[PDB]
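Visitor: What follows is each chain in one-letter form.
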Amino acid sequence: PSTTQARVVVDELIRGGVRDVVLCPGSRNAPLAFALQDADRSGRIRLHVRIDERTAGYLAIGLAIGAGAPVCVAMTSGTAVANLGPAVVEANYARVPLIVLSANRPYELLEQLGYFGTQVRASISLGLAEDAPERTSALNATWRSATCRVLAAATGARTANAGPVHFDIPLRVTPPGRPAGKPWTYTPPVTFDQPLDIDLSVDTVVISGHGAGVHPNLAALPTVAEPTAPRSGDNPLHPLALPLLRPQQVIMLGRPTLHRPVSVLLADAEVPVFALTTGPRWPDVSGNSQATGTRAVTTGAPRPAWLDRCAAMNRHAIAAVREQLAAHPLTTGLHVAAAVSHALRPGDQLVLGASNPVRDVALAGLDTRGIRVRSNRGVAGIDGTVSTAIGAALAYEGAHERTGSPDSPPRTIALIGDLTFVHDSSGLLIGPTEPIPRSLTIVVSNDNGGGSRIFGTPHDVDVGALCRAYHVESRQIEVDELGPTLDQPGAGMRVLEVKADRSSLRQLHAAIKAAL
Amino acid sequence: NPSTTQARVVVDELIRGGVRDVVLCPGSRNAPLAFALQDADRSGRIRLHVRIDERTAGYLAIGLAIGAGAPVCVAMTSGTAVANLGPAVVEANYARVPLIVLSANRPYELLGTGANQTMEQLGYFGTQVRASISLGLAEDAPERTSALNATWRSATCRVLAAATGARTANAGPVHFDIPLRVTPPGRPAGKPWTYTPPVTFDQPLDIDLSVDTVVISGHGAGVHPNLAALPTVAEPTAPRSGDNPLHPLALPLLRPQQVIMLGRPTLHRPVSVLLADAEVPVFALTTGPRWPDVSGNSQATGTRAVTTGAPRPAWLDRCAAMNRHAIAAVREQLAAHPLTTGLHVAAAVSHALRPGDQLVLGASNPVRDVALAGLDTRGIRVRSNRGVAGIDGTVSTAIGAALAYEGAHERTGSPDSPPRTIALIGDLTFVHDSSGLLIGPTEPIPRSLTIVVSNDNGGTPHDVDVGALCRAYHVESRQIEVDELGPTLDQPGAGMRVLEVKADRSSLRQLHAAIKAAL
Amino acid sequence: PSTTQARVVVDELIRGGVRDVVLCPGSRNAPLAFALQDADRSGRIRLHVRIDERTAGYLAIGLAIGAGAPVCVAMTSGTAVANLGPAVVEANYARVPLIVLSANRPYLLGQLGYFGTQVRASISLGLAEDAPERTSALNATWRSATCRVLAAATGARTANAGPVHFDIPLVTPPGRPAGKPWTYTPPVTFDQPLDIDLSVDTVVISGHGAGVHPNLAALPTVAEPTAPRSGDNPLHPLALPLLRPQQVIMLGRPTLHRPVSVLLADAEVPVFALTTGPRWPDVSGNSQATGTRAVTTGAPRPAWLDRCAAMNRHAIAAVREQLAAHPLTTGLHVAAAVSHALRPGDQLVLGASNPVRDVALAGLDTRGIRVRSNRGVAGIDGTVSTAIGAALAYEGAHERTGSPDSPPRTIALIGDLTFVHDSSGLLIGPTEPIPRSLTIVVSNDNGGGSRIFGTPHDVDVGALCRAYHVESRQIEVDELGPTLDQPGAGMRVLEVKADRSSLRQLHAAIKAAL
Ligand SMILES: O=C(O)c1cc(O)c2ccccc2c1O
Ligand SMILES: O=C(O)c1cc(O)c2ccccc2c1O
Ligand SMILES: O=C(O)c1cc(O)c2ccccc2c1O
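Chains as they are written, first to last, in the deposited numbering: chain D, 3 to 112, 121 to 182, 195 to 473, 490 to 554; chain B, 2 to 182, 195 to 472, 495 to 554; chain C, 3 to 109, 111 to 113, 122 to 181, 195 to 473, 490 to 554.
Rather than coming from a laboratory, the hints here were simulated on the basis of the structure. Don't take every hint at face value.
[What the hints assert, rightly or not] Partial chain C-side listing against chain D, Cβ under 7 Å, derived:
#1 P108
#2 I134
#3 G137
Note that the Cβ used here is the ideal one computed from N, Cα and C, for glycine as well.
Produce the entire structure from the sequences given, and follow the hints as far as they go.
Guide: Set out below in structure tokens:
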């Protein structure tokens with residue numbers, strides 16, 4: 003009955019592309035849980051159990067963005083809906099395929123908040139398990155057809171806009199699917215196409231933010247790329263050089279969210295802005311977005327005096343940051359961010375906390391080509407980054423495992439503030455039988471704050503003892519140790535603490551601004 | 002004045018966005034937008050329609066949107082006025098109609114304070130609406146007049162790009178709430206503040222036409238030249254891709270190995286009966302992100318199909334024979350039937366149709382009765398509220414579609430008579446939406462509208500002088516026999532007229548059983 | 003099967019006080035349609051069917067406010083929820099016990124957003140499990156849940172009545201003896217006292233949903249029509265600008281009359297809001313305090329009482345004289361005529377635009393008569409069917425008195441725009457109940473307080505009633521009183537044409553005469 007339909011949707015979930023499922027122990031959602039662990043024992047899926055329902059949501063977000071695959075979370079309590087709120091809100095604004103699973107009880111009379127209405131791509135409730143053995147083969151099709159609907163809506167198969175989905179199974195040999203493990207209803211990924219005429223030769227600077235696509239025809243133009251954005255060309259432009267120049271056009275890739283000059287440039291009424299997104303949503307600053315497109319058709323090529331003015335200032339800004347950082351006495355988050363950037367090698371995965379770390383890496387001018395950079399930029403919360411990295415590693419390392427290469431699994435390196443660490447410190451607690459990453463190292467830049491009693495809050499938390507209590511490898515190191523100790527393999531998961539200073543950081547940026 | 006500057010700006014961008022008609026319902030909080038709309042109508046930039054009842058006003062907008070294809074905006078005040086658009090918004094959702102509900106509201110600061118005519122307005126429609134966008138309360142800040150304009154125009158384009166499906170390929174209703182307590198110019202050349210070019214959603218799919226395949230064309234289906242030769246059971250509101258029709262009654266008598274499902278087929282229990290048959294694979298080809306669960310065995314979904322081979326000529330001859338067999342059963346029993354029924358009048362209307370006409374059907378019986386008579390849709394624009402298939406607003410939707418089709422013809426510049434718009438509705442739907450006939454003297458009236466009502470008890496009792504209704508709203512009405520329908524429809528008359536045909540609902544079961552028995 | 007659940011759910015409604023259920027035919031069969039038919043045939047409930055879903059909801063509102071009992075609406079279509087919106091919003095803002103019935107089938112899923128904002132509670136019964144042994148306890152939970160719906164609808168525990176959504180998913197088990205409800209919940213006594221000094225010059229503004237306060241009977245009170253009067257010292261609304269009250273007592277939820285809002289929004293006048301429910305209104309946040317009753321200190325200054333009564337008389341005369349001096353027949357004249365024709369025990373239903381204001385200007389005395397208006401949202405829709413429902417519930421309660429005297433007449437004064445809005449509500453099948461003493465007075469003027493501001497429609501109201509087989513007469517104002525006394529059909533209308541052009545001149549004369 004109920005268990006027959008639990009096993010069938012799990013088979014179709016795997017067929018649809020689901021590889022990892024997150025789960026919290028609770029009273030409800032027992033039959034679906036058993037069908038999951040049946041598949042986890044077999045090895046068709048990998049199961050992850052956590053106590054904290056909040057961090058499980060972010061863990062699922064990590065598993066999703068790690069390999070770009072749909073990930074499920076199993077709700078088993080009345081607290082789970084509220085706790086998964088933060089993760090579901092991120093998955094909505096970051097377009098992360100997150101399938102939230104529930105088991106409502108329909109034979110009882112008549121909790122849930124209203125964010126499910128605003129955040130979720132589709133709230134789909136399956137039918138009740140029926141005692142109609144003659145019709146079960148007919149009930150199979152709808153169960154597998156409905157499961158394809160939540161998979162298509164989560165991955166944005168027809169909308170080109172991935173996001174979270176609410177899947178509800180009511181609760182009072196398995197029927198086979200199609201041959202060759204194919205999904206019941208196969209919908210190929212849609213190609214969302216919308217061209218836009220753009221005269222390249224006009225002085226153009228390209229701002230690529232979160233969710234940005236790659237356009238090879240824009241590879242030559244000078245581009246200010248956020249860490250999370252992929253890079254189409256090899257002509258970088260530092261974010262701090264932007265005020266020095268006065269562009270006449272701006273191509274906007276995705277959802278840029280960083281840097282005060284970017285906000286003012288896109289808001290300038292005299293400068294027209296063209297936004298190129300991969301999904302139906304398009305951003306605007308002060309309503310200055312002039313046109314929206316999937317891609318741009320390009321007429322001409324920019325004049326090299328523009329090209330060389332930008333390229334010179336780009337070197338001017340990068341040198342000013344590199345020079346002024348060396349001049350500074352104490353180690354700061356910008357120094358720590360620069361330390362991680364120099365120590366990175368292609369094939370790595372980089373996870374950044376959504377506060378200062380992502381900002382600082384851009385200031386350090388990190389080159390991201392060959393690197394996969396992940397950050398919870400949809401809502402920009404300081405929550406759940408520890409679990410996001412753990413999940414990102416587990417999804418990334420799992421791809422290498424299936425890849426079959428006999429290589430050391432790629433490193434996953436995370437950079438988070440102390441406030442981010444303490445928030446999600448509970449994400450470090452993992453059961454012995456639950457999957458644990460093999461090459462994850464979380465750099466914690468402790469500055470006792472982020473960016490006098492309220493603005494910055496001191497906590498005096500012993501990060502080392504906290505890591506010790508959860509049975510994870512920790513080591514307090516100085517800046518120069520980072521690059522060396524990152525290369526040296528240790529435990530599969532380790533936390534590297536680096537002390538930092540805030541008082542000196544304020545003057546440092548003034549010195550950076552004075553050398554420009 | 003902030004409220005008037007806001008109103009005149011969002012009206013300008015809506016006009017720039019392709020809004021040619023605007024339905025308006027007057028009230029206290031409606032003033033700033035009502036003035037802005039009047040200056041746009043008096044200047045000839047839009048054609049405004051004032052209606053008294055908001056519910057039928059929303060349906061008047063649906064017709065204006067489907068008759069030409071442009072986004073239509075409606076304006077009303079706070080309170081029960083916006084609630085009256087529930088039924089219209091619900092229909093626009095399932096029918097993908099670019100309806101911009103523009104509501105004036107007392108400031109949100111007053112919500113919960115007990116102020117008269119205020120309610121939980123924003124989000125009233127919930128998930129039925131494509132997007133609920135709220136304009137900021139226009140603040141007294143002339144130092145930012147150049148900045149407030151950009152955000153106002155940028156937001157209006159979002160309302161327009163959402164209602165028309167400019168980037169989602171999924172049109173539908175949008176809730177635009179504006180609280181209220195030289196006009197700043199837009200872009201040069203009259204272009205939208207934020208331009209959105211034509212979008213394409215593409216999902217090709219390998220389909221083998223050699224396999225015995227039938228096509229089921231539903232509401233909102235696209236035209237696919239690859240499938241023009243296949244036998245298609247096409248609903249009236251579905252555009253026909255070819256000249257190989259298949260009657261729906263013929264579908265159960267055939268054995269297809271394959272079925273292509275265009276749009277959203279709703280009609281016909283046999284279609285639903287066949288869709289559940291698992292052995293036959295189903296291929297759903299839609300135009301937008303939505304695709305129907307009417308079949309549980311849907312193998313795959315897409316936007317278009319790439320074909321391999323061609324259907325066997327034996328298969329084509331089999332279906333054509335069955336199609337002719339089903340039409341003959343309908344013809345023979347209808348002629349053999351002594352009395353005149355709702356199917357009789359439905360067959361008469363279809364025969365009097367000529368290419369270039371616009372057919373508007375009551376969503377319950379007429380659509381079924383027209384498809385059973387097997388009307389040829391080619392060259393004819395068939396409109397019906399098939400989103401929710403409610404009895405509401407059929408009259409107003411025919412009126413708007415007439416006004417939209419006629420006005421679109423006047424823009425062609427061709428110097429001939431405006432094309433006919435004739436509608437077929439039952440008495441029950443007619444008496445319900447009788448409020449829609451009421452058009453003010455200054456408001457646009459259709460030039461060639463003929464509402465054909467097929468009166469019978471029901472279709495529980497009601498006895499109603501249909502002529503007295505039309506007299507109450509000053510609409511010319513004559514009562515006709517079934518055989519005189521064609522000639523009267525052929526002879527043009529007033530700009531808007533009603534033709535009532537008395538029909539009998541008793542023998543409907545006797546007639547239907549004969550057709551099923553004649554197969 | 004599920005019919006046993008349906009049979010007991012209706013039984014608890016009848017036990018709880020439901021006496022009228024409104025129904026519409028639709029796409030899927032009605033929730034508990036069979037159980038209602040038998041109760042209708044047995045005479046335990048009266049049943050009204052309608053084709054228009056929007057009219058049906060407003061009809062139920064009248065059925066609820068006519069006598070004060072909860073009323074159910076059973077709706078069975080995809081357009082059903084959208085069409086009840088306006089009536090449900092009105093029920094919420096007027097605190098009307100309206101129950102809405104649903105029957106969702108939970109064996111696949113995936122309704123507007125107003126249901127969360129408007130209904131006092133949303134309860135769905137458990138699906139009827141097919142098990143005979145546990146039906147003893149299953150009867151109890153069924154009847155426990157139906158009482159919850161009733162208690163939420165009538166505000167039995169919350170003192171705030173309103174709309175409720177009840178969903179029943181798809195011999196009879198007995199209730200408690202003596203036909204009493206399963207879960208007995210008595211009407212709660214919501215109490216909140218407030219110290220008010222009556223020595224200070226105080227005026228009382230009583231609006232929709234106000235309560236009666238005998239200790240406040242002495243004060244001069246500007247009372248809306250739908251407000252119950254608690255004293256014999258009235259004060260015309262047009263005397264308010266000529267007075268300087270140092271205190272204002274706000275009974276209920278006032279809406280009408282510009283001067284009250286100016287006085288209620290005065291920063292320098294303390295406003296004490298006395299309500300019968302948890303909600304309280306404010307105008308520009310000037311409500312210094314809230315309560316349910318007043319504990320009084322002192323008495324009003326006789327000079328203050330003198331002046332108030334003096335200005336009340338002066339305002340009474342100004343409108344009566346300018347009404348007479350004015351040549352043409354305005355909407356104020358028909359409103360004044362209807363007011364003079366009323367007799368104690370009558371029921372009056374007022375359209376939400378000018379009629380509810382105009383009868384207030386004519387100085388109507390509501391003592392002894394029951395006044396009704398859809399003031400929660402002040403909507404122009406559903407007025408004729410609200411009157412129909414009010415007349416039906418009113419006559420039914422009078423019929424339950426058993427008295428031999430003729431049923432009390434229900435009179436309704438509505439504008440033309442409100443008439444054509446709800447014209448469809450007139451079509452009532454012979455199968456359905458029809459009022460016996462309902463009289464509808466239509467003040468026709470092609471709009472009321490210019491292509492947009494006023495909508496000229498030029499409708500034949502006589503031909504429209506002819507169409508719906510309703511008795512109609514186009515009389516004059518002088519003859520309104522006599523025709524109104526002489527009884528006619530159970531449902532009859534009287535259309536009196538009125539001019540809007542002379543209105544600006546007439547109101548100016550009253551301003552000049554004040
Ligand atoms: O392109 C993206 O990835 C993207 C993602 C989002 O979550 C957005 C939310 C609001 C507006 C625009 C958005 C957007 O362009
Ligand atoms: O493509 C369409 O026209 C269309 C439109 C809709 O509103 C639908 C609603 C539910 C299910 C399928 C739908 C569909 O296929
Ligand atoms: O007492 C009433 O009738 C009543 C009714 C309402 O709907 C209110 C809404 C907001 C604030 C006060 C309210 C109020 O006092």
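Visitor: Given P108 of chain C as an interface hint, is the shortest Cβ-Cβ distance to chain D below 7 Å?
Guide: It holds, given that the least Cβ distance between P108 of chain C and chain D is near 5 Å, below 7 Å.
Visitor: Going by Cβ atoms only, is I134 of chain C closer than 7 Å to chain D?
Guide: holds (5 Å)
Visitor: Under the criterion of a CB-CB separation shorter than 7 Å, is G137 of chain C in contact with chain D as hinted?
Guide: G137 of chain C check passes; min Cβ-Cβ to chain D is 5 Å, inside 7 Å.
No hint from the list above goes unmet by this structure.
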